[PDB]
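Below sits a lone chain in structure tokens, taken as the form solved without ligand COA.
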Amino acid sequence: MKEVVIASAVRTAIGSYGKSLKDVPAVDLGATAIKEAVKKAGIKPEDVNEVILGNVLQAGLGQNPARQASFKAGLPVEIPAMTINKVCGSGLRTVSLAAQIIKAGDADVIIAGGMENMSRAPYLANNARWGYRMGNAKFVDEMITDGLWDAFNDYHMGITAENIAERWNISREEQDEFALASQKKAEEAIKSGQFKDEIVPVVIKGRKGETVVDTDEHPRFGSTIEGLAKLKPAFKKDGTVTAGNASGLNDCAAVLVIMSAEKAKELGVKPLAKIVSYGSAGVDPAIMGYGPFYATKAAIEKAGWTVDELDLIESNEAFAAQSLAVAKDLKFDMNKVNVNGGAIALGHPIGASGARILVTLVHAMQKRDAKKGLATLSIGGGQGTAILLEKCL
């Protein structure tokens, strides 16, 4: 059926929790990204058929956050929009959903991606409507409940990472080493300009004037192995997962224009990459960090490739323990993986994260002249999503 291409790929900088982007709602991050993605694609906003955006922490954001980003971007009100929640997978799944809708014959141009502002998540009173009646209750952190807590096992995602570390014997030192390598690669990438083509600046209009945020602030420049080794376990006693070898709580939007190859040609667009195949898979929730293994194999099976064939891989770093397990099992050449750093350094804005690694992948492919790329990531609740790209000449 129809061939599907990426026309443009843009993201905001990734803000740290409570920091640079704390005053910028997710839908405004999304709007910023959508407007620049349409500009970079060289198409008219009236060319767009649908908007499909990932967002996990929807609480109190108002009706249909994807529609709000679309409106705030200046897209025509006649364009339909919907918000997707697949937890960590959400922003990458909207890209394969776009490809599906285009393959189905129903659209030619779709805005896809994700947006999250974890800094802005509310607290909840679940029984305020009809009453608590008597006794103390929980004032619930919505970011943890909706984003970070396994709904079946009643523990944090971090415990799923410990579960993998324990089953696979991925040691603290192996996790810390992996974290250090991610940090060094992010520092090198930031300072050498690797992210300039993909980052749209966010212009913040405060009281005392305008501020511009255009750089990823989560990396820890000058990280050392001894500094990593001093940290304490974050999730259990004598555990292996720490704040230094797990990603953060972060804010970002990442948006792509997805088109049929035929429409792209008709509109004079020069695509960045072809979407060759994709997949999604479920796993036991207790080992969610493993979901990429099954999503990636299904997708590769469709592509007719092998892992050795891949020139660049983005495999998300929610936790070193999970990235290492997926890497061992799929036998990745680690030199081709997260070549500009990964989420331990860069951050993990949940609803945007999978879109964010895809933006990073397609730019890196364009700059290094790589042919075959893979983007894949784990999903809270025990899933995975993967997309395979082939560069356009």
The other form holds:
There are 2 protein chains.
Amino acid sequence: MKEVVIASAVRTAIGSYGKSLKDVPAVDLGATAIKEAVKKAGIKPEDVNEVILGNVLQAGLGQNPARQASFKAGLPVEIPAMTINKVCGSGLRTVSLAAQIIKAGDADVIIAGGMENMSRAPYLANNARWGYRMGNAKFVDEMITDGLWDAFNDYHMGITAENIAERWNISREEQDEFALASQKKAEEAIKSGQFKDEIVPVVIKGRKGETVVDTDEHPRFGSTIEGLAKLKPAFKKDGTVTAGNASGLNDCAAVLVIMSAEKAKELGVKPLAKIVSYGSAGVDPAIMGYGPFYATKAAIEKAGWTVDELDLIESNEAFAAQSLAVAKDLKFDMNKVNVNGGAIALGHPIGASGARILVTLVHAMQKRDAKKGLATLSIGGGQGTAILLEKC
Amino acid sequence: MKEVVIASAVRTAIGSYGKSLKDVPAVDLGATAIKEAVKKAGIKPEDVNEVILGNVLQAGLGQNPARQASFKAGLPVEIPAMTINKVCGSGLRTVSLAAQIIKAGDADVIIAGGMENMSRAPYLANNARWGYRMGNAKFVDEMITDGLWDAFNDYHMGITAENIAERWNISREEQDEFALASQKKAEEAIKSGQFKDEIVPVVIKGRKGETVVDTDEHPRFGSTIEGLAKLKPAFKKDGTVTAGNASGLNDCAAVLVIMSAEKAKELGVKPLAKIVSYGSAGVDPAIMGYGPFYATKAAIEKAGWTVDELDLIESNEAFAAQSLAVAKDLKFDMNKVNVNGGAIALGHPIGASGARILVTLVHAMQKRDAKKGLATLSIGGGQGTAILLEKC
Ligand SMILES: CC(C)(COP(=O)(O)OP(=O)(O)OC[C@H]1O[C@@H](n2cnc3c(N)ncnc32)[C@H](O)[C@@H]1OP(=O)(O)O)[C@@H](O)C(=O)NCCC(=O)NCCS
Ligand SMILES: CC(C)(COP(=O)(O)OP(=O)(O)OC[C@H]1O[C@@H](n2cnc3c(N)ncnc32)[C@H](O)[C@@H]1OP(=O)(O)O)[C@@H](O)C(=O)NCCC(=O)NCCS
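With the form solved without ligand COA already on screen, would you show the form deposited with ligand COA bound?
Zooming out: every chain and molecule, the one shown earlier first.
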């Protein structure tokens, strides 16, 4: 097989629900990231063979959101594009799909990653076409239905976290301590400039002014264990899961240029990392948060690695409960996990999230000179996906 | 690299808008086709490595429609799934994506295809979440916006068909004659049993009864040139494109089992066709209907074939105008094109359409003993995709 590398890795800041990125469509976040990713790779727009982007809340975004992001980015109309939906895994899975297509001999350069604007999701009327006839009906929150609700069990993803808290015996306190540690890591990383290299600014041009968004806004600086302990349960009576130990609803795009090592050499690109292996797996939807266990095991086996060999790990924090279960069973050294904070603090912009963690991983590997890295995350509907990277 | 084969190919009947399959969600049509494809292929569900399905109108369908179809088919939960949106080409692109993943060394057996229920598309309120504040707004038809409207030029796909008609001087009369020919061929094919081997019946459990849908209902038997000439332009004043010479809005699923030739031999499968090559291409969105010209050329070049070596062709009839343009420029022998009718008569269920013409092609190739086949179609947003088959 051809070897496959990451040439550049870029993301917008992660905006909070209804806040900083509320007026910026997902496809415009995506275009902002694409332009800057192409520029950071040091290639020309004409060098890209395909665009593959994750997006989950596609409702009313218009034909083929990936194609829209591409066009708005200045990429030639000649380049094909497609939009992938694997829920939370979308943005990570496009990167392994890119690797697969390159290994198949069909391209040398692919723009991958994902984009999401949860703040902009519509409401739906399911029976307006042919009519309600009589009686009240549901005005459906598309964000919940398309992104956050289990289609088999008829409950919120937060209930899948409670299921994991119950079965693995992970206490509210353990969940709150994990959340607090993520907040503290995120604050320290932001203030020490760890994200400065990876974040492309988004310029919001209104009728009257320009505003620049370039800082993650979701973290709660000065978080305390007492603050967390007082929070009410978010999903069920007497639940362990709360807004403080669950990831948020957020807006972001994150994009990587993926290439064959031989194309990168030819074009003078200095790659950030090699994509070593990857894997995807399914699990019972009721415990979807455990998906990364199987996906990580598959990818590691494929690579001929072990977990102990890993230098840095990004394991997406959909919920403390599930992150803890996964870490425990994979026996992670928690000092190597989400060293710049995770999604409890930073947010979870579902379509983008997988790509966002990989962006974060590859920049952290460069800065810390770490040789081997893992990114993996859980997927609503009962899946996991993972990618292993090696420094070039 | 590994050789890639099609082990089975099945579709539901194509229902008309608001009619026979109005009460059957896309994911249920998909599940129906998946179960029958796995059966026809002669494999176990546990031999399947991934499910990759096209679906365009995802709004309110719940998390990850491909996973839902996979789950409702009875496939084991350990199998991963993802949903692809490349508009009209979604269903065909999943097949070449499967071939790429297999060629990459990452799987041996993939369920691919597409599913769509256009009758069931919701209406949307885009600003219900944070408020309209004041003034009337749009109650958005999600089928139009997500499937049929150009995101760049702000007009219907039918206007892209007028554009081609104007550029190429394809007259109303020429479009109507092409339409009539498609209708006659579909009638002949339906009545002569050509679609019997490929159609899986859909069993609808109504309160009143149990009903079975197993026949394509869109064709209009006894269509006449005079009947076509009386129709009004559907998209612009004094236009050439009408309801009669455009494809319809339709509901269907079409699924294929794709495997390495090595695995097929190990499992005792007798394949239907080898996948020889494939391609995708982008064009200006305004002339999207021309996408197959470039896609087809790429595929044929990769294969080192020529157009005149083709024994059967399925070139999707999004509109008579664009089918006629692609056909003139690729120089097709029209007697080998859409021999069982095309989408003007049969319908165009967007996410499934590209898989549906591939199903139709492979069955037609076994019936007529043809050696080489091409499936190609246009994509809204200015793309094309194509697959080349050689009969085993
Ligand atoms: C949990 C959830 C319902 C909360 O949504 P919300 O009510 O809009 O959340 P908010 O961020 O507004 O938080 C509400 C209040 O909780 C409190 N809160 C949240 N995090 C806190 C923290 N670290 N410390 C103290 N208080 C906190 C605050 O009081 C906040 O009010 P404020 O913003 O005025 O201070 C939502 O984030 C959610 O659904 N998350 C899970 C997402 C998910 O399932 N993703 C898919 C994973 S597979
Ligand atoms: C053209 C379009 C708007 C028509 O929608 P519609 O009005 O719902 O179409 P209908 O099937 O109801 O047809 C309307 C009337 O036209 C007439 N008609 C359609 N096909 C006909 C034919 N072969 N002969 C005679 N009359 C015909 C009929 O009178 C019909 O009324 P009836 O069924 O009551 O007899 C719709 O099919 C469309 O938008 N098609 C294009 C889809 C598209 O763009 N797809 C994407 C491609 S990239």
